[PDB]
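**Q** We have chain A; now place chain K onto it with these hints.
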Amino acid sequence: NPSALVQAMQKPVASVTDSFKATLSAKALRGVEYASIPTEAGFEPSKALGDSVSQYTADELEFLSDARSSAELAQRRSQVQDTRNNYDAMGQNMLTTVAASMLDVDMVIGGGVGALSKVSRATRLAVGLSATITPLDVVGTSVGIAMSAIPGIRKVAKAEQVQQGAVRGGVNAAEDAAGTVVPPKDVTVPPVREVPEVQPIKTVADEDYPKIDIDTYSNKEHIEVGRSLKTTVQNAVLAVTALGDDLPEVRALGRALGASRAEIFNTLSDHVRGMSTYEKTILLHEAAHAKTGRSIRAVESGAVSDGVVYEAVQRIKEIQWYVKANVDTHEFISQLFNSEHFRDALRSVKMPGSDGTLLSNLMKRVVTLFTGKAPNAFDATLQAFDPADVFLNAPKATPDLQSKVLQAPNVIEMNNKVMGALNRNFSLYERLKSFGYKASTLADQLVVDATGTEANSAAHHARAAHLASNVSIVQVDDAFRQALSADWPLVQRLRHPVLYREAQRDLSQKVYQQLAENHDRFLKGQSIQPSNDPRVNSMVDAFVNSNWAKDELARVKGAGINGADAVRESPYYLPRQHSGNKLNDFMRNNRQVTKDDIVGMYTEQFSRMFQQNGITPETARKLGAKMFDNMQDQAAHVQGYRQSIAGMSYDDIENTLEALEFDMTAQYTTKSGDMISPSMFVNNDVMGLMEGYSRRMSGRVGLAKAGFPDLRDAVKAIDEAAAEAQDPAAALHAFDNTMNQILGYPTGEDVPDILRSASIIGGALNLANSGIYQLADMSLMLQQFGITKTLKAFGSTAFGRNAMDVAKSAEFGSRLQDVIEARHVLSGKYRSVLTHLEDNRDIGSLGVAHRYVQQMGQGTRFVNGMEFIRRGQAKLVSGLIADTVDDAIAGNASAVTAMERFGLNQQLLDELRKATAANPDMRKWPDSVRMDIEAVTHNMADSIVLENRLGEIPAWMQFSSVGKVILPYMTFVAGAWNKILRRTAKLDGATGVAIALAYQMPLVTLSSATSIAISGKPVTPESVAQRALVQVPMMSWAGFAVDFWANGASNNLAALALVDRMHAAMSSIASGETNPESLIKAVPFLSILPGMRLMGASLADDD
Amino acid sequence: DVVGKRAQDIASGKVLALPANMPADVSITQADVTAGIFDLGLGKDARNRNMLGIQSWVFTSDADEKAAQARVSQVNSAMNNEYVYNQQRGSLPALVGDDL
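The listed protein sequences correspond, in order, to chains A and K. Just so you know, the first sequence maps onto residues 38 to 62, 67 to 172, 185 to 280, 288 to 309, 311 to 321, 356 to 361, 367 to 427, 446 to 493, 496 to 506, 515 to 788, 820 to 1262 in the entry's author numbering. Counting the second sequence from 1 gives a position; the entry's author numbering is that position plus 503.
By construction, these hints were calculated from the structure, which means they are not laboratory data. Treat the hints with caution; some may be incorrect.
Restricting the straight-line Cα-Cα distance to at most 27 angstroms, the calculated cross-link-like pairs of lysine-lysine (BS3-like) are [unchecked claim]:
| no. | chain 1 | residue 1 | chain 2 | residue 2 |
| --- | --- | --- | --- | --- |
| 1 | A | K524 | A | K264 |
| 2 | A | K1138 | A | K264 |
| 3 | A | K273 | A | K545 |
| 4 | A | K1240 | A | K273 |
| 5 | A | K1145 | A | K988 |
| 6 | A | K723 | A | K754 |
| 7 | A | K88 | K | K508 |
| 8 | A | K652 | A | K638 |
| 9 | K | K517 | A | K88 |
| 10 | A | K159 | K | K517 |
| 11 | A | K948 | A | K208 |
| 12 | A | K678 | A | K638 |
| 13 | K | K508 | A | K1138 |
| 14 | A | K723 | A | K710 |
| 15 | K | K569 | A | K211 |
Isolated chain K (complex conformation):
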């Protein structure tokens, strides 16, 4: 029932169009890293259960912190490019905030 109602609510144009620039709330920050994103679940190697590929999980030096900081920005740039490309073609989904 929820899906059926949502489909014909979308069909009626009750959803506002998204801006040309991605909302600030869609970006990723340290609070989201603490929330559990990038968790890949079970795995064999320590390097193969974090999507960023960092090994040390108990004692970490500043060198790992710098790499994590750079990789977060890399992922943010990739997401921004993907969003721009999708928006230009006019194929964005009818979602907002966390769903997007």
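For reference, chain A alone in the conformation it holds in the complex:
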């Protein structure tokens, strides 16, 4: 009874997750490697572990509770063990665990076993060790070490020398044998000479590796000697006295001081030996400034009330006060040293309260300070008070940086140059402001990421909104993968690449059709019913519970974005569009149907739709013809804004009327008697229809919150701003290109999405003293290493020659650059080839996939990585075809006689030459000859893929000079792959970050080399390495690592979540706080260096 009152009046116990904050805490970034495992009905991770739950550290349990089936749990329990084994070795040295927080890719990108726990432990360790004298310096130095170890390279060896060395082993290692079998009484020499079976290999220290060191003394008082070796004052002084036999018997003063900062010499026992007697006395004279360390402690409450020193400080401050009336402590104390007549001034006065000159008693207390022995050594300092390269230096603003391109004379220029090399956006924001004043105001509303105010640009809000969508797109992506996990094991996918693609098109059609019924039934108050195919029910369920459909309709209504209330809502909603690809592909197989029929088809619909408004027949035909002209533009990716300003960009009738309801079942009849209907040309895929909608709606929502809820005034504000600069034409083009990028339209260039980079602008001073510049400088030197090794590798191989040489020639370098950059393929005439290759073949078509499926670990890290290479190779092939077609049209006979192998004839060529002459722009081919040259190219595209598999040059391609560089490429890369797997043999994260760079680095090198030559300057490795930085700054290199780790919707979460974690830390730093947590979080680009080491060094190894 009474115990009821006690519990009735208590307060409820807190949750068991309110504690453990900063340890438990985003599941998508942790289950990428297990995505394609089917779910198990009624599985429960807690009920399956049973008694075993008592052997984990409260975060391993967090990582283990995500299992959805027995196999997933079995694999997670395996990964947790490798995670322990890796960190056991690194625990041998405390400092190395501090640098593990910034250099383990699994922990900084995603997929590791706990990330918060490691960071929250590294911060505590860094704080503890400092009790390299402040917590920031411990973080800074922990990475300077662990990266300065010069690597060793393999080299061929002579067999005899190695065998001699190995024979001196065994001997010198068998003298410890007891020899109780076959005693010495029974030994004899064998009648034949033996020889061991060692391999002929050496090891040699590398020569091009840089000598990396970190500066940690700029922001503190320090002593420079001979203006390297770094030591402390209390260490240097002792060495001077010991090796100081040539000093006046001053030596006792040195001994006394040695028992009482940072020092740098530009082997310690010999540095002091190479000094004259005079200098090494000035070294002690400046070391007598030890007072500063003690003046500070008596201003702060460190030396609370300790006698002697506390009284000496008070009676020095009293004298400091006295001199003002009758004739901070640091300046007075410094003047006592660094001047002559100042001392003479104090001699001509006696104290008002004791015997002795004012100067005499002042010195009495300095000895108490820099010695600490209470109140005879005054004679020594008196005589030490009577040009050398030793000085005492106050803190300076600009650190010492080793890289060439970062040095600047003042703090503003250095800050401007540092941020340029990290983020792409900064150099764009800078270039926008040169267009006068109106541009400057408008620039702040589009691209900047303000750190000190609420009003923030449109790109920031769009980035913030685009994460919410992807958190729900992923849950549906993982359901599609699981629906085909059975019936298609990895081995089968590699054999039948073409057919595998249809297994997805079938499910997409089924699910899309199923979601149409349940929407129309929901909207009319009827009842929903399930289907009889078990996959469709699961796919639909994963869609309703995803919940993004209502979220988007709620968000878009926020801020009232134009005519958005007209839309209707339901959990099964899905937009509607036509597809220009399905129209062309259908019109290719059938040639009885011509343009004359599609326009008539749409005319019938348009005439019936607007009957009540008295639509005259002429307008019906005009609208029918303008639904075809702007449908071809959709397939070729030549659209842009300024054509969808009336409303939103997802209605097919508004976009047709703005340019000056469909039955979808009514059947039309063509000339040949074939029947046709508009349903055949509707879009069907789901994911490609979800991402497109989400990306553009995020861009519209972000733009509204910046102050432009409707684009009509957004256009006007640009037209008015451009008419202020000296060249209005360029400014308008720049702003149009920026707006197209923000809204998510194809600009035709090959660049990463604008949302993936930040434009932080804020306090220059606070950033400099945080120490970020030193860490940015280090990561920028290692580029020299990789690029130098790549240039050497090109210089070595025969294929590297003539390939590094075509790039210099003005006759061909320009075309090779265009082929690498994919500038003729991404949009315009030729995109049909890229579309056909992109979504009609699988990883099994590479050929290289078969050759490595068993060395590489046969897991997800193989398939996830191979898509990146597919999407790399398709662009090269398409660019080669595009180049060799224009060359043929130009007049090169040797190309024409190879073009005709696939079906050209005089009739097509004459018309093509005629058409090209009238108009060289040609955003698209004319309707008269479209369907023939289009088929000619597609036939070629297929053939090359079959003959080129091995990495060989087909016989009929011997004419093309540029093709000699592209076709054999994949054999060159395979060489680097073999050497890396001969060094690690695992394919873990560090190996992936090396393979991706091994594939992607050389193309950048060739493009940059071509770019430098045409500008009439010499091409040296340093020049190439510096020019590469203005194409792919550091934060874009990490983009490739993410691209090789995850694919599709899961990529966006990781790529975006790194940037905000950087902005949120630099904002806090700029405000005035420098918590080491902030420094750790503020440099996510530093993760790829250890992976860089493996690739960079591996290119020097012998075969």
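**A** Chain K in isolation, oriented as in the chain A frame:
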């Protein structure tokens, strides 16, 4: 008694999980061939009492050595594939080293 104790020791999760890559100590080398592995016991033909199928057992040329060297690597690759397949499905037994 040993079996009974081991069963309920396994049931309690006292055994560490194996890595994702097979341990180096599980591979087969010449020292294991000398130890007597691949011995098939009694048989009719000389070729049918060694699992590798080599005939010469008294005087052997280098051609037999090359075939043996290739076949050892073949068996190692087969074992690696089997181990990977078993590990991925989460069906590996509670054994280590020589037992595995």
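**Q** Each hint should be assessed against the structure and marked as holding or not.
**A** Here is what the structure says about each hint:
no.	hint	in the structure
1	A/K524 with A/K264	24 angstroms, holds
2	A/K1138 with A/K264	26 angstroms, holds
3	A/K273 with A/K545	24 angstroms, holds
4	A/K1240 with A/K273	24 angstroms, holds
5	A/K1145 with A/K988	44 angstroms, violated
6	A/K723 with A/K754	12 angstroms, holds
7	A/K88 with K/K508	23 angstroms, holds
8	A/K652 with A/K638	23 angstroms, holds
9	K/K517 with A/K88	18 angstroms, holds
10	A/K159 with K/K517	26 angstroms, holds
11	A/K948 with A/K208	16 angstroms, holds
12	A/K678 with A/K638	23 angstroms, holds
13	K/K508 with A/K1138	48 angstroms, violated
14	A/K723 with A/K710	15 angstroms, holds
15	K/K569 with A/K211	24 angstroms, holds
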